[PDB]
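Asker: So the chains spell out like this:
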Amino acid sequence: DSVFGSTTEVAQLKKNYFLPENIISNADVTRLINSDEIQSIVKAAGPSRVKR
Amino acid sequence: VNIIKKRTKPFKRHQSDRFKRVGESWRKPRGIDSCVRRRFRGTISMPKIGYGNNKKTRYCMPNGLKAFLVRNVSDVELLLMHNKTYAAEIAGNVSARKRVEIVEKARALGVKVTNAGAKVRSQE
Amino acid sequence: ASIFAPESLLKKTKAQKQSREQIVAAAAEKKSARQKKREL
Amino acid sequence: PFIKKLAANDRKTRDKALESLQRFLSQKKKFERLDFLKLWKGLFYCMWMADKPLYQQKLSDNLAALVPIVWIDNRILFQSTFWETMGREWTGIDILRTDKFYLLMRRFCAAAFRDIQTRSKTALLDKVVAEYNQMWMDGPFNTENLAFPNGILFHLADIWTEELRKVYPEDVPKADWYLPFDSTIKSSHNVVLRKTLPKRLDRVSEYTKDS
Amino acid sequence: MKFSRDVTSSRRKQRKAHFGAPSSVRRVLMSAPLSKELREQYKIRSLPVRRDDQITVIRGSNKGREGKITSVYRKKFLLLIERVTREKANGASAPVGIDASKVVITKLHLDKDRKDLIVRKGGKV
Amino acid sequence: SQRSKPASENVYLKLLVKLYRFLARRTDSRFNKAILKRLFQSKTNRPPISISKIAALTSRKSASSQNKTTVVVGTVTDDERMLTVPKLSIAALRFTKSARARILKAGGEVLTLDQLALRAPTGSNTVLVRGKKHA
Amino acid sequence: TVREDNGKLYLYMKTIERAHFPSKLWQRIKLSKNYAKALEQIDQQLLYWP
RNA sequence: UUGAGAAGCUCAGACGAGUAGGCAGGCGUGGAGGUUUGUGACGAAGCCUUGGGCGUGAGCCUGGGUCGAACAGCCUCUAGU
RNA sequence: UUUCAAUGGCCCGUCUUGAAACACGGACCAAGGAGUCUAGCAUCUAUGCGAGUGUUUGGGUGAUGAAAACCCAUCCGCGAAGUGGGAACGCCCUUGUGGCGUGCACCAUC
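Residue numbers (this note's numbering), protein chains in the order written: chain U, 1 to 52; chain L, 1 to 124; chain W, 1 to 40; chain S, 1 to 211; chain Y, 1 to 125; chain G, 1 to 135; chain R, 1 to 50.
I should point out that these hints are in silico values taken from the structure, not numbers from a laboratory.
It cannot be assumed that every hint is accurate.
25 Å max Cα-Cα, derived DSS-like pairs, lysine-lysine [to be verified]: (1) R/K30 <-> S/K52; (2) W/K12 <-> S/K166; (3) S/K195 <-> G/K68; (4) S/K12 <-> R/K37; (5) W/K12 <-> S/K195.
Distance ranges between label pairs, derived from CB positions [what the hints assert, rightly or not]: (6) L/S122 <-> W/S2: 55 to 65 Å; (7) W/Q22 <-> S/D35: 47 to 57 Å; (8) L/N72 <-> U/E9: 46 to 56 Å; (9) L/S122 <-> R/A36: 36 to 46 Å; (10) U/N34 <-> S/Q27: 55 to 65 Å.
The C-beta atom is built at its ideal place from N, Cα and C for all residues, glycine as well.
Hey, can you work out the whole structure from these sequences and the hints?
Answerer: In structure tokens, the structure reads:
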């Protein structure tokens, strides 16, 4: 914790160093896509690989 | 399902049969005044993407299987689920001590081996 | 004693039921509309 | 009742800490909100670490049955802090742990109705729901808290009537059962929430007075 | 791993040192193990070979043979052991060279210099 | 570098493109289509927008910003020249350390593009903004 | 997954909650030599799995 | 219906000369980091062959012979490629 | 694979030239054999941070190679110095249609 610090608190052993932040908070894209918040407003999915 | 090959003859380098210094491996003719590049009548054919074979039957042997190079018993066990699509091919540098154990293992797995009788004899 | 049928499954089955209801109703009226259309 | 023991890496320690915490929650003292918020950080991770479906069905039952054990004075704070920690950590869960936490929220949804019925034996039902409707409105159904996920509220709408009927199998008395949803649908700044909550909710106006 | 900057791990310099070594170094390069009896009685693991030493051949085609060391051939790093020979075309017996690490010393040609060597290398007699 | 996939090798940027690929085709919103297009854009085409521009744009003319989330596919830098920061809710690819601290301590919140997709999957009540490309 | 040990096939299962305990990550059950019972064993142990 | 290397799978239609030049993806070589719990005196590498196979091609795999101590696939790095 | 039969098939590269004609280079095989390194500049992409940014002149440090990695005192360089159309969104409501607002980037008008 002193070598690397935290994403909000500076590292003790590295002057003015903070841990990098992420472009996504939660990196489980399946959890976002298959969530109740998102799946409740998507239109009815067409079929998978369609018949010829 | 039958394997169709658009062509069986290889594409030889132009003028490769007149000189030993020029190998058979295909080289694109860069000459502008070359009859082979301009594709006259009687000139040899060139590798075109039209000759490409069916995607489904690509890499398939005439028996319908795809070759899978195997160096030990661990490689041949991977084909437990894919024994109807792939054939085991023991590498050329695998010794006869391991070739026999690969062939016996591939027998129980129900896997065809393309070179199963190499560097060994039989004793009934 | 028994596993309780995960709540994601219950949410999906409710959603699929709504869509299945719509599909039958759409095809139910489509067959009537198609039969009249063919006569026209 | 140590929080660090509630989130231990072995299940035997977590179960022992859960049992010790059963007495700690029944003291006749007022716990501040921060004390319960820290307590619910360990309890969330006690549930977050449950492995098999049969254990996490019983574990969620144990956590829900913990509510009547708490002292009546700070019992509302116990639920209000549960829904605060289930809103700030909901989006951080993964897709394989949502089903185990859906059941916990469902068990606590019914734990509120069951506590309403218990207090209705002595006190009048109208004020008991009013205390709970204040908890719902100040917490999950707050309109000024934009960061509270709709997944929690969509789940609550789906199970509100079905878990109220479980508590009152015979008949459901008149009360403001669906007050939090009425306030949310009317005056929420989430157009997705108010356009979909009436579809999810199945409120029965059979008993509530006609407006 | 070696940590001294005074010793080289270079294969080029290690091979040059071994094959270009002088005679007083090849005396130590040509060392042989002692038998278990001598090893636990002289408290010494290995000693440089010497003439008149009685050895047993441990490796090679001549494995199991015994005999005195007639002479040590330091040029080619070989031992010449008595009665360990090879017949030639004309029937003359040509001795066969054995590496000093492929033999074991079952009896030592003890001298005052070697007796001093034993007490020097933590030994006793 | 801009057409069908980002040129970026960032794994987490690919996870956002994957999320908004689903949102663009499974919803009839032009916000999800616009956000997805701006994820393929290069760093030159995604200029930073200062914390002062967000405050100015929301409380502009009639103001009445209410609580609409400000969305930028880019970095929200800080403007130390402005001294009082309003209560803002911004969702961006990246915030600088000073901008994130100023937004949080001065009222509101900071979001990622995946936290906003769960709050406004169709991008309703969002103020989609851009940085000036004059540079 | 199913794998074989000295002539006996076992069902191996792992859950997200044991992901950081490698020694206890995978659990194992015995699958009966009866094929019909072996199929039902997989169905019961993998209940509500995809 | 299991067909989520979502960098996958799938459906449909049109199209196909090409110098300069523009662009993309691949094949091969020496060495380096990682990896294959990799191959090898029961034979590595190399070479030979009207043996067999794979790829549109660069090329790759393999049988037999010869041979005698090293060598390769995959991700990345590098260049006297 | 060899060989036969039928049909076809002008020697390759370079330069020339509409084109060729040409004139050149080529007895054969093996091995070697030609856009490389570096300094500056500009565009573009990626990566880090962002009104900042750049540790490696140097110092500290590094016991398992210590020419690596790790750390940063003082400087210094480069930067800082209203009306229309319109992306996107909400609300409708004859509902689609359109209208009412909010209007980024950028372009026109003061």
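Asker: If a hint holds in the structure, say so; if it does not, say that too.
Answerer: Each hint, compared with the structure:
1. R/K30 <-> S/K52: 18 Å, holds
2. W/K12 <-> S/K166: Holds, at about 23 Å.
3. S/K195 <-> G/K68: The hint holds at about 17 Å.
4. S/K12 <-> R/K37: 33 Å, violated
5. W/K12 <-> S/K195: 19 Å, holds
6. L/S122 <-> W/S2: 55 to 65 Å: 59 Å, holds
7. W/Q22 <-> S/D35: 47 to 57 Å: With a Cβ separation near 50 Å, W/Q22 and S/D35 satisfy 47 to 57 Å, so the hint holds.
8. L/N72 <-> U/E9: 46 to 56 Å: Since the Cβ atoms of L/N72 and U/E9 sit about 52 Å apart, the hinted range of 46 to 56 Å holds.
9. L/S122 <-> R/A36: 36 to 46 Å: 41 Å, holds
10. U/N34 <-> S/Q27: 55 to 65 Å: 42 Å, violated
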